[PDB]
Every structure is written in structure tokens, then in C-alpha cells.
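Chain by chain, the residues run as shown.
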Amino acid sequence: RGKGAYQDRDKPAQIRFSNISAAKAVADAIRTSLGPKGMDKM
Amino acid sequence: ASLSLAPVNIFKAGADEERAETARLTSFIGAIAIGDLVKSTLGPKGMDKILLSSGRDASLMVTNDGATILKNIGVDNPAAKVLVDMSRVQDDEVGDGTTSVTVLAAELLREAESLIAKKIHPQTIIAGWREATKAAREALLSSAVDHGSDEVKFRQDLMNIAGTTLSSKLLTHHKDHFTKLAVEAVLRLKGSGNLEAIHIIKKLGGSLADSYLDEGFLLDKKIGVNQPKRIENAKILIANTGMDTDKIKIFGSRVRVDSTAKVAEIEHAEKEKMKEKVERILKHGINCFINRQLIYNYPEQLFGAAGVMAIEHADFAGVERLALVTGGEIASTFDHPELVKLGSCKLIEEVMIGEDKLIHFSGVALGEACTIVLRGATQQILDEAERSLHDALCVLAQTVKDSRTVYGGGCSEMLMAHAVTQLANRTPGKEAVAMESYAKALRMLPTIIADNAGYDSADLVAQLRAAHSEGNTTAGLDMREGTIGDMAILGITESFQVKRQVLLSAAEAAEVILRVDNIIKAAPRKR
Amino acid sequence: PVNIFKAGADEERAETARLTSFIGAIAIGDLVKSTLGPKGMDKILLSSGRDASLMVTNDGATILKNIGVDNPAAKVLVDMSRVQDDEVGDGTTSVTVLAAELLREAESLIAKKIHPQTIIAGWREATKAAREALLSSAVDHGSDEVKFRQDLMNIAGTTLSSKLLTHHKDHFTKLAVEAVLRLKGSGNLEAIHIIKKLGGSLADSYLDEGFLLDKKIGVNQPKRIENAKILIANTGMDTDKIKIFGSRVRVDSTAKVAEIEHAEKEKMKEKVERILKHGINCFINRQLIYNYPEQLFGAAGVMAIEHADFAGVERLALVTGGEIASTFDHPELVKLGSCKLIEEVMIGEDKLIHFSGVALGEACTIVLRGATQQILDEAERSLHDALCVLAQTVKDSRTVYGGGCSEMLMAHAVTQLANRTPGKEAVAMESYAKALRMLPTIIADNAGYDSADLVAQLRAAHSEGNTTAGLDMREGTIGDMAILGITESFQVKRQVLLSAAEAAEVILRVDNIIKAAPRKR
Amino acid sequence: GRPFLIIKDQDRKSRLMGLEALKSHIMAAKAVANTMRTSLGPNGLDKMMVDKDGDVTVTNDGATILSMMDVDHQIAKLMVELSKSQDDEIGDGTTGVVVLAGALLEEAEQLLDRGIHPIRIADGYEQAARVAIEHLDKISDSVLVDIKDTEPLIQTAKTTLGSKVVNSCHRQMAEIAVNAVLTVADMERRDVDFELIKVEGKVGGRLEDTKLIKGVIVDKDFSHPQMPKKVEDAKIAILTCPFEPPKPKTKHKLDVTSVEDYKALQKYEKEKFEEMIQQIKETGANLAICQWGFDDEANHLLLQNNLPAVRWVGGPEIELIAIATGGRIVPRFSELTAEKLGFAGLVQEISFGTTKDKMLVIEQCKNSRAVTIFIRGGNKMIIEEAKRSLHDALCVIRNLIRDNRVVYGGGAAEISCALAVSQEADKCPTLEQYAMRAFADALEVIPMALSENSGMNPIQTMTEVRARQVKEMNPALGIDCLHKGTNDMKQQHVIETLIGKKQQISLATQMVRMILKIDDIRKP
Amino acid sequence: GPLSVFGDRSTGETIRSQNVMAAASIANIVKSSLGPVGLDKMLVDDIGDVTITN
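Chains as they are written, first to last, in PDB author numbering: chain D, 19 to 60; chain J, 2 to 528; chain B, 8 to 528; chain M, 13 to 536; chain A, 3 to 56.
Extracted from the complex, chain D is given alone in its bound form:
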């Protein structure tokens, strides 16, 4: 393809991965909240 933009910027990758990882964390935390047999939280 030839040389070009090396994408020397990857901090936005760290922020995006951090946010999405936190999102899976918070979503996983309450995965026991719904269902006709679901459990609840106090």
C-alpha cells in the first residue's frame, strides 16, 4: 500500500477501551435483575 499515516495517536484508543470496559462492568453487575424468575437487589 505504501507508507503513510502511522496512526501515532493511540490515547483515544485507551479512553475508548476504558469507557467500553467500564460499560461492560456496570452492565455485568446488574445482570441478575430481570426475569419471571429473576432476582432483585436491595
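Rather than coming from a laboratory, the hints here were simulated on the basis of the structure.
C-beta atoms are modelled at their ideal positions from N, C-alpha and C, and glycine is treated no differently.
Among the hints, a few may not be true.
[To be verified] Straight-line distance between alpha carbons at most 25 Å, and here's what the computed BS3-like set of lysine-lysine pairs gives: (1) J:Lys274 / M:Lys259; (2) M:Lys20 / M:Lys535; (3) J:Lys176 / J:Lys204; (4) M:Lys535 / J:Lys13; (5) J:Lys284 / J:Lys342; (6) M:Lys529 / D:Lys42; (7) M:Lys241 / J:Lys342; (8) J:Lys248 / M:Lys259; (9) M:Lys284 / J:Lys278; (10) M:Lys279 / J:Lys284; (11) B:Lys40 / J:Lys120; (12) M:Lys370 / M:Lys392; (13) M:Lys275 / J:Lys284; (14) J:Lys13 / M:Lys96; (15) J:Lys119 / B:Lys119; (16) B:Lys50 / B:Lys72; (17) J:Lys181 / J:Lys191; (18) B:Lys431 / B:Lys120; (19) D:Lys29 / B:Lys50; (20) J:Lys347 / J:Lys236; (21) J:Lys222 / J:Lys236; (22) M:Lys210 / M:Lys399; (23) D:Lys21 / B:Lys40; (24) M:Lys265 / J:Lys250; (25) M:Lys284 / M:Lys352; (26) J:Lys191 / M:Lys242; (27) J:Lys250 / M:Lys275.
[As the list claims (entries may be wrong)] Pair by pair, the computed Cβ-Cβ distance ranges are: (28) M:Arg132 / J:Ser115: 49 to 59 Å; (29) J:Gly75 / M:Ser79: 17 to 27 Å; (30) J:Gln381 / M:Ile341: 51 to 61 Å; (31) J:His314 / M:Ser363: 18 to 28 Å.
[Said to hold, decoys possible] Sample of chain J residues lacking proximity to chain M, with all beta carbon distances greater than 12 Å (derived): (32) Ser41; (33) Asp58; (34) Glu152; (35) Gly217; (36) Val279; (37) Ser345; (38) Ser404; (39) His419.
Use these hints to put chains J, B, M and A onto chain D, whose structure you have.
Below, chains J, B, M and A without anything else, positioned relative to chain D:
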């Protein structure tokens, strides 16, 4: 993907890391700090600084060359340590251009950070600089010229290079008084290294003009009473023997007697054993003596009974120098009074040097090792004088080793820039901009030289690019004034080997430091 | 050689001061350079002492609004962005990044020991020439309705590229256009109403054919009215205190007090009948009202609306054809507001009163049924910016070319000037021109294209004289926006360049930063 | 019942158990694997780091990087241990195996959130490693290496130096390494001990100076610096005792009851000295190789005897001199004879010019057994980098002592093994296809990170290369390692070890199977 | 972690077991005040008020 901090603490106290452009920023900030710390001193009109310690008598030493500067300072970023180490390596190799290689590396990294800010694959830059440096090496060797076919021209080139070195440091202020003198010293080398064979003596006071190289040899010790006070045409034998206690090689021996008369007998026996040893040595019939170890009181009295000159304990370097200059031997066995060669000299006598005493050794057999007398207004002057002259001696020895030289500073640089530019014309694709950035990086050096001089830079660089583009490969910046002139007549000859080595080392260090991707500091070793 | 400052008072009178200013400026520039072009990505302003208040924004105005600094130059640029956003809208990003590039040029120039006044004069002349050239290229329209409408569509569509709402550009840009049509050539900005109602989609939003009100109604008011004769009032109606004071009730029996109460009830009824003499089917009260007036109005049976808003009543007086009254002796000297139907509407989970078939439609009401409060806030910011741009382009009909077209035009003009200029200034101006070249470059960087190739092609095209050449952001090619439809406001770019010029002028002429000793905190 | 102290000091007592412990494991391990990404195999960068005492050391020899870290979590220390194991086994893929492990545990954490016991994942990984190694052994090609042909080995080392800065010269090192291995190898035993090679380096010079010396280097100068400096072909002797008179290793008290005893001892001292001189001069050996130093009398006597010698020479260097010279060890002059002497090719003194070091080399005309490698470069960082790189190269050659020790690498092996794993896994019942497919994905992780490190557009690169190597089957179609097109690896010829990749696969599979099991945790 | 910082969390039958913990606890105290026949328990306030209850 790049993420090593969000999940959990994978580090103990004081342990961190930085993956993204932050690491590059840190390294480049350190590198530019190094460069400005050093680029403010490069060039024949380069500048000077002062290194001051933190407490503890505040060690003071003046220096122009940046080697000791990077040694003393506490560099923090790993790239900074890498730079100070490349500086120490270039310093040990030859010297007088360590500053140059440091500045060149820093400036290369400046264009490197710029181009990576233009989002470029580092491997491409590395390959481009490798090919460009190979081509530049070939061109510069093609420009290398051999000499030494005669004496007058070669000697003139030696004074030229000596004075050129003296420009980079402070010695320029009296460089003439140094130059020819220095030449003579390198003449006495006659095909051997170990500058330690060259001796340098400093005493506060006098003047730089008062400094001179001895027309003979010098020694700094003291002599006994029963020894004479003035001698000539001495015959010299060197020794490294134990004559203080006559310690017998067997340990465990002990006297088991009862009457103290036997003790007097055995002590007289020991004294006569020492007397017979002195007879064994004196059987060689030497006129002067040196022993590497201590001359004890009984040996000294026996020598005084003989009444000849004997020199007490000294070092290894002194005895080696004396063996060189007089052609004696360091003897530790004396059953062969005629199977040894005696050192030769013509006059040995003290000279009251101001507030000091030094013995004058004229008419020595071999004029190989030499003693240099230094005097100055401050001891810092003496320290930097010795440093700079050691650098000059290293360069002189290196150019005696190989007589391949090139034209003066920048001009060889600028023609290499011209050749690399011509390749840039031949260079297609993306590597072309990297290697032309390499080229202007090289071209930056004479600009900094002009800035250190105190003259306009852009006009000189553009005009001299025009001059070197027309084939006038001998013109260049004038050393006397901010003008342009041929250094062949001006007399600026540049040692090809030293700066080809400088270019190679700078290229290697730059590519190594550019190959980085990640800085991870470990713990600070909690106290 | 002697200390002269107070504890905490600092003065840097060397290049370290400009160094600090420049690094702060660069820290400003890179933070916002990701919010430009059609490829921008939004940012977060996270708080910890503000009780965890966050706002997401793309136009860097709010970004510079919510961040302070000790380096005074960065605050200077923050105020510059304030000014820029005070003028029209988006371009704060543009002017700030441009200032960053020009100060980087200044860095490179100071790297050659040059007295800055030469730079100052050269940039003065370059700016004069560039403004003259751009004015000579000022393309104008409005002589035709279709041409002017399409120019507005092009400007709006190009502007929505810089923000999020592009996803439904055809459902947004065009809509915004009609809003400024409703201004009827009036210079007012404060007629458009901004409404945020979380829930629903940005495509579920719409522009109603009327007006809406969000205030409680009286105790007994009809729910729907037709052909409403509308009046707007601002008086007491709260047992209508006499406004006279230093007067006291001082009697010896309470029968007189009873008669006074009966008399005040009668006087309030008299005020009500005074109002009713004019004859209306809908009443408006900017403020509250009391139970007895409410009973009187219910006896009348009309619509009384209570506790309205000053700006809103001004807007509605502009809209429905009436004006606010406070005295009612003249059933003959007042113009009455008019509407077709006034009904009830339930939007989100909030209750609104709907004006349908209003006699006029000057003011505007934009309901946003978005999906989050933060997206709603940034949507309202973006529409505010877009309507400001629309109003400005309606004001002055002259337009210009974006995609770097006008930018490389001035770049090449300055190039030729520097070529015909001797001295350092030329290359400085050339570098200045190079500085301008960085602006479209960063745009391509937002796209991540073959940067140098594109820049070379644009410079070649502008040297050839193709004065409509631009960058295709749909694919990464070079084309003509006259085909594509990428047009912007002449006023916008003109003031962007002029403000950037004067900001550079003031910033470069600094020599010593002195931070006073902090008071305390 | 009121809570009561059952466990000693439950106050400072921290317990984790269950799926959350696995979450902590996976997150830490993914962070580490992504930390160690950008040095993959034939092409990459180098990570620089400083340790506690302030030493700069940079390389892609990943084991060193992981070793010199003051890490906190246990799994990372386990990773460091695995890296050290793989380095001491082969010396390449020091980051490849850890990135593979990270990929495997990525797959494990994905499938974990699907609600399956870790035993299933470990079993799937084990079966997939079985299949992968089996096919990797089916695909490797035997290399017929003899004592006169070296070009395949030269290209092997040349490719191995990829991503390792020593690829500057990239040619001479392969030749000198092959020559050293041939000289020192024990062919019948197939054994090469690296204690026979004095891997040395000195700063300065250039990487062009990287040379192999068919002999020994010694770092001690003349006992008599005035003595003549260089000798051609010579005969040496190795004496393990000084020149001092023989005193026993038992405490001895030699009485002296008479003056004539004093005369007898002062005569016997010298008599022993010159007796030793006559003994050593009779045997005719030019050189003496001692260990403990001696007295100046011997120095001056040898000056009058013109017989060179050295002193204080250390143990291992003494042994290496003896090995190279072909002689035997002479404890004392009783064993001294003309037979056991060692013949010298030529011996010379250098000082590296500007330096004040002194260093003697021994180059042998006759057959030698212990060779020496010298390095010239930019700094101690350069010296250590060259040392570790060439040492890993020697490990590679020692592995390569046998045939079929090479398969096409550069990532192509990863595509091939991933394809084989997918093909085998597809024809299986359920509950296993998921784990096996996960292993397959972990397999093509390596080419993805490879293309990333090269800076190539990754996903299209892997797609096109996979299509090319699927439609026509060959072990040589890997992605561009020299980045110049010609992805057919029968042209670039990435020539790297078989057992290296096999051991990396085995280590990663066993290690992930191990880590999958730690489900309940306890810290203070 | 789960992004529930500045606090504490628990789960499993353990906490369900701990749900027994307090409850069964409060049983034992009152375990001598049952129906027809029981024994009274003594309470002393911080002020020291003397109080009895059954």
C-alpha cells in the same frame, strides 16, 4: 490495541509506564534539553559553561567539551542516559567533536519528532537513514585524502589540525604557543599509544605563555642525605624489590633460642646479608639507581657508604617512562652484573621551580617520554588545559595512526548534504521525505556554527549551498571572519577517520533511540 | 539582584515565558483539533467539585468555557473563542487551531533570532492582501429565490458536518431554514424557542405549525377554544392592592370593615368588567392571579393564563397580533391577538397548550424529543449555532467557498506576494502562507488521507488558476463544490481571518509574564 | 451468634472467590499481553525501561524486560517465569508466546461470560494444541546441513535477526556464528556448551567489527611491560601454582636455631628460584600460563630468560586456554615436560589505541576448541544488546544442530495452524467447537499483531493472505516481512526454528490451562 | 471494577446466611418471654433508668 492501566494495579509503589505519544514526548523533551544544553557550546566559536556540585565543597571545573558535562549531571530519562553514554563512547574514542555528535543526534531527533508528528512509519525512516548514511559514507571516503608523503606538508597539516582542535576549546586564545609545541610531543611517540607516557605537570601561577614542554625528562621524588647533590652522565638501573624488611618467602619461620647473644649474631647476619645483596646490585657498577619499592634506611646507608645516587620508591608509570627514555631494565635479580642494560642520561640535577623542586634530566638516551609544564592563574584553568590538551593529543595520535583527512568542518558536511540531496532527487516515494529531512538535519550543523560565531546564518548557508552546488568543494565559512573562503589556503584540514566514526555512531544511536515504543519505569527501590 | 515580589508573585522575563505560553497554546490546539471537519469526534468535560456535572460538546466554545488555566495566554485565547462564538458560531475551532499553527510558526521563526516587528509588519501586509483577494472573490446571491435557498441549504449542510446532527442532515438543515424564514427579515434572535424533552428520537422531532405554552391554567378555564380573541395583560389581579401606602384602616367597629371587604370585592369585579368590556375569548396574564379573580373569570368563562414569561410574552405579542396591556379604559385603542384554535397537547410527560392556526408565525418553537439530556443539551447548542449562522447569512448575502478553496486562494495570493517581496518577511509570509496550508491539512488529518499528496494537488490546482478547486470529503478526492454544494458565509470566514490576525498581533507582542501573588483559596 | 475470631487476624484478611476472581485474572493478563505487543518476531520495535538501581536496558528479548520489572500481581510474575522458561529453551518468541497466551485468555474471558466451566476451555485448548503441534510437525521441512554448506544457516540467522537491531550488518554475524558453532560443536554428542565461548564486547568501534576469533582473548598485559610485546607460533605451559617456594597447607613453624640455618635458608630460597627457572627453561615452552601471580624475581629472570608468561589468570579463562591449546594441566614442575605442552599459533598485544586497557589474543594455527566473540558498538546498551542477540542466535544454532529444525515462520505458520485447527474442530460435536475455535482465533492473533507492528492495513492483509494460502496450499505465503510484496515465502524465506514455535504453543497452552483453575483467592 | 466505588458489596448464600445471622440472633434474647409462662428481662438506660418488661 494499547491498554495497561485501566484493569487493575499491576505495579507496586513507584512503578509506572507510558505507551502512547506521551513516552515519545518525554524522551524527546529530554533529548532537546540535552541538545540545548550542548548546542549552546558547539563550533570553533562555541561557548563555555560551569559545572557546580550540590554541596560537599562545591566541585568547580571549567570545561568546553560536553563529555565531562554529561558525566557529572544526573540525567533522568533513559534516553538522556543513552545520550550521555554515546557521548562517553565518542569521547574515549578520539574527542573534540563529542559535542558535535551530541548536537547532531539531538537535532536528528528534532526532525524525527516533527516527521512522526506527520504520522510516519518509523521503520521507513530507519531504512532511509541507513541507506543515506551508507551513501554519505561512500562519498566522504571518496573525498578522503592521504598525506604524509613528505615532512613539511604533513607537519604543517599537523599544526593545522592542532590549532583547529584548540579553536573548539579555550586554548585558541594562545593556540599558536601550543600548536608547534604539541606537534613535537607527538613526534616523540614514534609509533606507540599510551599517552600516559606523556607527562604533564601543573603549578599554580606562572602563565599559559609561561607553560612549555621540557627539553628532557622530569621526576618528582626526594633524595637522601648521604647521597650526592649534583651528578652527570649517570648509568641507570631500575628495580622492583622489597628491601625494607627482607621478608623471607616462607612464612612460619621463627627464632627458637635462649641467649640474647645468638640474637645479636643473627641480626649481624641479616645486616651482612643485606650488605651482600647491595654488593650484588652494585656489582653492575651503575652510576644511578631506581627501585619501584621503598628504599629502607639500612639500604640507604649502604648506598651512602657507596656514595652514589639512588632513587626511592615510585610508581609503575614513572619506572616505565624511565625505562623508555634511558633504555634500562626493571631488575629484581642481581647475579648478572653484565647481562643487563643500564639506563643512560647526561645530567641529573634539581631545579628550584618557584616554590617547588624538580630534578632536571638532560641528555637522556631516548627522547620518547616527555614532561609538560603547566602554569596558570587558577587551578580550573590548569584542569581544563590538561583536559583539552589530552583531547588534542588523542586526535594527533589518531591522525598519526591514519593519514586520511578531509576538508574543514561543515564543508565536508555540506558536500555530503549535497550528495544526499542528489540521492533525494533519485529517491522516490515516502522514504524520500525522510531522507531529505535527514539531509537538512545535516545541513543544520553549520547554521549552529554560524550562530555560535555571532553572524547571520541564512545568508551564509544559502550562499554556501550555491557554492557547493557549483563544484567549488573547497570554499566554506571563513574562520577569521563571518565571510566565505577556501580553507585549503585558510588552513583547516579535518581528520576523516574521526568524523566518519562520529557520523556512524550518531546514526547508530539515533536509530536505536528511534526504535523505541514503550517506557516502563520500575520501582524507585524504596529506601 | 534583590527580591521585589510578594510571596507567590512570579515574573519570567526571558524566553521561558514565551515557552510556557506556547506549550499552553499547543495544549489548547491539540485538544480541539479533533473537533474539526466532518470527521470530528466529541469530548467530555468531567467534573469533580461541581457535584459530578458533565457536558459533551463538539464546538470548542464550551470546552474553553469550562477550563481555566494559570498561563494568561491560554485565557486570552479562551476569551478570543468567547468573542468568536459571540459573533456567529462555529469557527472558534478554526480560529483557535489557526492561532496554534501561527504561534508554531512564531516558534520556528524565533528559532532564527529575528526581531518580531518584522514578522508583525509582514503579517499585517499579508492579511491586508488576503482580505482584499477574498473580497475580490466574494460570491454573492439572493437575486433569485431558488439560488438563495440552495445557497442556504449548502451552508447548513456543510455546517452540520462539523457536529453530530449530520446523521439526519436532510431532516435537520432544511428544517432550520424555514425557521429563519419565519423571522420575516427581522433581526431578532430571541424569537426561536428551544425545547428539550428527553425520550423519542431526533427524527421524531418536528417543527409545529404554531406555538406552545408550558404554564398552568386557572381553576376553571375551558380546554379548547376556536377563533380566539386574545389579550395579554400585566397588572395585579392578586386582590389588586391599591398601590397607595401610608394609608391605614382605623375604625372602632367591624361593620365598617365588612363593608370595606364587600367594597374591595366589588372593585375587583369592576376591574374584571373593565377588562371584559373590550371583549375577548382568551386572556393572558404574565404573572399569578388570585382565587376571587379566578371565580370572576370562570363566571365570564374565558381562558385566563397565569404566570407567563417576559421574553415569552414579548414573543407571543409579536406572534399572535396583540400587544400587552395594563389599563383597559380603551376597548378601542388596543390590537387583539388572534389564533385559530387553542387546544391541549401532552408531550413527553409534560403538559403543553397548543396554538394551532396562529394569525402569524414570526417566532419559532423547536421541540427536541431526543434520547438523553446531554445529547439534548449539545443538540440545542448546535441548533443555536446553526440558526445564528443562518441569520448571519440572511443578513449579508455574500458567500464564499470552503473545503480550503478560499483558504488555498489566499494561500496562493500570499505566496505570490512573498515571491514578489524581498527580505525575511517573504519566507515568513510564505511560512505564514504555509501556516494557512495547515488548516485544510488538519481537516484531511481528521479524515486521515494522503496528506502531502492532497496538499500538493491543491497547490498545483490553485497555481493553475482553478479557483473553485476543493477537497472531496466523501471519498478523498479533489473536485468542484459548485457541483458538490459546499458554500459558507463570507462574513464568517472574513471575521475568522481578521480575528485570528489581531489575536496573533496581540499575542506575539508579549515579552514578560508576571503572575501576581495569589490572594488565597 | 456474635462474630468471633476463627481465622487468625481476620481484620487484615482479604478474600476473593468466584467469577470475579477470574475477571481480575483476565483483566490483568490482557493488560500485560497488550503491554508486550509491539515487538513481534521478525519485525517490531524495542521497549526501553529502567530498573531500581537506574540502569538503561532496551531489547525485544522479552524475557529480560519481564524479568527486570517490579510488578505487583502474581499472574504477571508467572508470566515472567514463563518468559524465562521459553528464553532458556529457545530464545525467540520471547514475546510471541506471551501474546499468544494473552490471546488464549481473551478467548477464555469471552467464552467465560457465556457460562461454561473452565474445565471445558482447558480441555479445548489442550486438544487444539495437540492438533496444532501435530500439523506443525507435519509441515516443517527437513534441512540437510553439513560441514561445508552454510547458506541456509546464514539466511536462518539473518531472518532471526529481524526486529533485532543487529540486522544492521545482518550478514557477517550469521557467518561468524556458524563458524563458531562448527569450531566448538561436539558433533557425535550433538552437544555445544556455551561456557566454551567467551562472549565479550567493548564499546566504540562499529557493528562491522563484529567478529569471531578462532582462539582465546586474555585481558592481562606483560609482567614486564618493557619485555618484547608479540610472539609468533609458540609453546605454552599451564602451571597451577605460583613461583613462591613450596610452603605446605599445614601450619608450620620452622625454627632457626643457628646462624648457619639462616644462611642455609637465604641460599635455599634463591636456589629454589633459579631451580624453577631452569626447570621451566628446559621444557622449551615459550609461554607460561599461571593463576595466582608470583614475585618480581621471576619477572626479571624471565626478562633475562626472554620467556613470556602471565599471572593472576582466572580459573575459567585458564581452562579455556588449556582447551584451545590442546595440552594438559601441569600442577607443578614434577609434571612439567615437553610432551604436555600446548603449541601456540600466534600471540599478540593490543591496547585499543586511545584506551589504556591491555588485552592479549591467542590465535591458533592448529585445531582449536574454544573460540571467542568480540563486539564493537555505540555504548554498553549496544554491547549488551549485541551480546544477548548473538547468544540467542547461538541457542538457535544449537537447536539447529539437527535436521528438520526449521519451518517457515514470519506468521505463516500461524495461518496454517489456525486453518488446520478450524478444519479439525468443525467436524466435532458441540461443547468443544467453541473452545477449539477460540484457540484458532488465538492462532491468527499473531499475524494480526504482526501486521499492526509493521504498520500495514491489518484486516485486509490477513484476509488476502489467508485467501491466497487457502486456495493453493503451501507453507510459504506469509504476510510481508520485508514489506516489499512477494508474500510467497519461498522467495523471502523466513527461516526460523520448529521447536521454538512448538515449545511456545505447548507453554502457552499449559500455562492458560493452569491459570484457568485458580478460582478462589486469598490475600492479606 | 463494577463502578460502585466509595462503598461495599456482598452476595451469595453467604449474605443470605448473614441474613439469618442477625435474625436468629434476635430470637435468642426473647427466648424466655413465651406465651403463658416466661421470665422477665432487665433493661438499664444510659441515664440508668431501672426498667423491667415481660
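Status of each hint after checking the structure:
no.: 1; hint: J:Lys274 / M:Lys259; verdict: holds, 23 Å
no.: 2; hint: M:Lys20 / M:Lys535; verdict: holds, 13 Å
no.: 3; hint: J:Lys176 / J:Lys204; verdict: holds, 20 Å
no.: 4; hint: M:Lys535 / J:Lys13; verdict: holds, 15 Å
no.: 5; hint: J:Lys284 / J:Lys342; verdict: holds, 13 Å
no.: 6; hint: M:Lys529 / D:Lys42; verdict: holds, 23 Å
no.: 7; hint: M:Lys241 / J:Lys342; verdict: holds, 18 Å
no.: 8; hint: J:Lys248 / M:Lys259; verdict: holds, 15 Å
no.: 9; hint: M:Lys284 / J:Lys278; verdict: holds, 17 Å
no.: 10; hint: M:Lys279 / J:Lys284; verdict: holds, 19 Å
no.: 11; hint: B:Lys40 / J:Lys120; verdict: holds, 15 Å
no.: 12; hint: M:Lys370 / M:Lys392; verdict: holds, 19 Å
no.: 13; hint: M:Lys275 / J:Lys284; verdict: holds, 21 Å
no.: 14; hint: J:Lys13 / M:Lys96; verdict: holds, 21 Å
no.: 15; hint: J:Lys119 / B:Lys119; verdict: holds, 23 Å
no.: 16; hint: B:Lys50 / B:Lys72; verdict: holds, 13 Å
no.: 17; hint: J:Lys181 / J:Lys191; verdict: holds, 17 Å
no.: 18; hint: B:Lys431 / B:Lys120; verdict: holds, 12 Å
no.: 19; hint: D:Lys29 / B:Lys50; verdict: holds, 13 Å
no.: 20; hint: J:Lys347 / J:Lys236; verdict: holds, 9 Å
no.: 21; hint: J:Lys222 / J:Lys236; verdict: holds, 18 Å
no.: 22; hint: M:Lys210 / M:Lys399; verdict: holds, 11 Å
no.: 23; hint: D:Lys21 / B:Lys40; verdict: holds, 24 Å
no.: 24; hint: M:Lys265 / J:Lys250; verdict: holds, 14 Å
no.: 25; hint: M:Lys284 / M:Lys352; verdict: holds, 23 Å
no.: 26; hint: J:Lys191 / M:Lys242; verdict: holds, 18 Å
no.: 27; hint: J:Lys250 / M:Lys275; verdict: holds, 14 Å
no.: 28; hint: M:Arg132 / J:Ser115: 49 to 59 Å; verdict: holds, 53 Å
no.: 29; hint: J:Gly75 / M:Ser79: 17 to 27 Å; verdict: holds, 26 Å
no.: 30; hint: J:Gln381 / M:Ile341: 51 to 61 Å; verdict: holds, 56 Å
no.: 31; hint: J:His314 / M:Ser363: 18 to 28 Å; verdict: holds, 26 Å
no.: 32; hint: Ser41; verdict: holds, 24 Å
no.: 33; hint: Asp58; verdict: holds, 25 Å
no.: 34; hint: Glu152; verdict: holds, 24 Å
no.: 35; hint: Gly217; verdict: holds, 20 Å
no.: 36; hint: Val279; verdict: holds, 14 Å
no.: 37; hint: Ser345; verdict: holds, 15 Å
no.: 38; hint: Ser404; verdict: holds, 15 Å
no.: 39; hint: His419; verdict: holds, 25 Å
Figure legend: structure checked against the earlier numbered hints; every hint is met.
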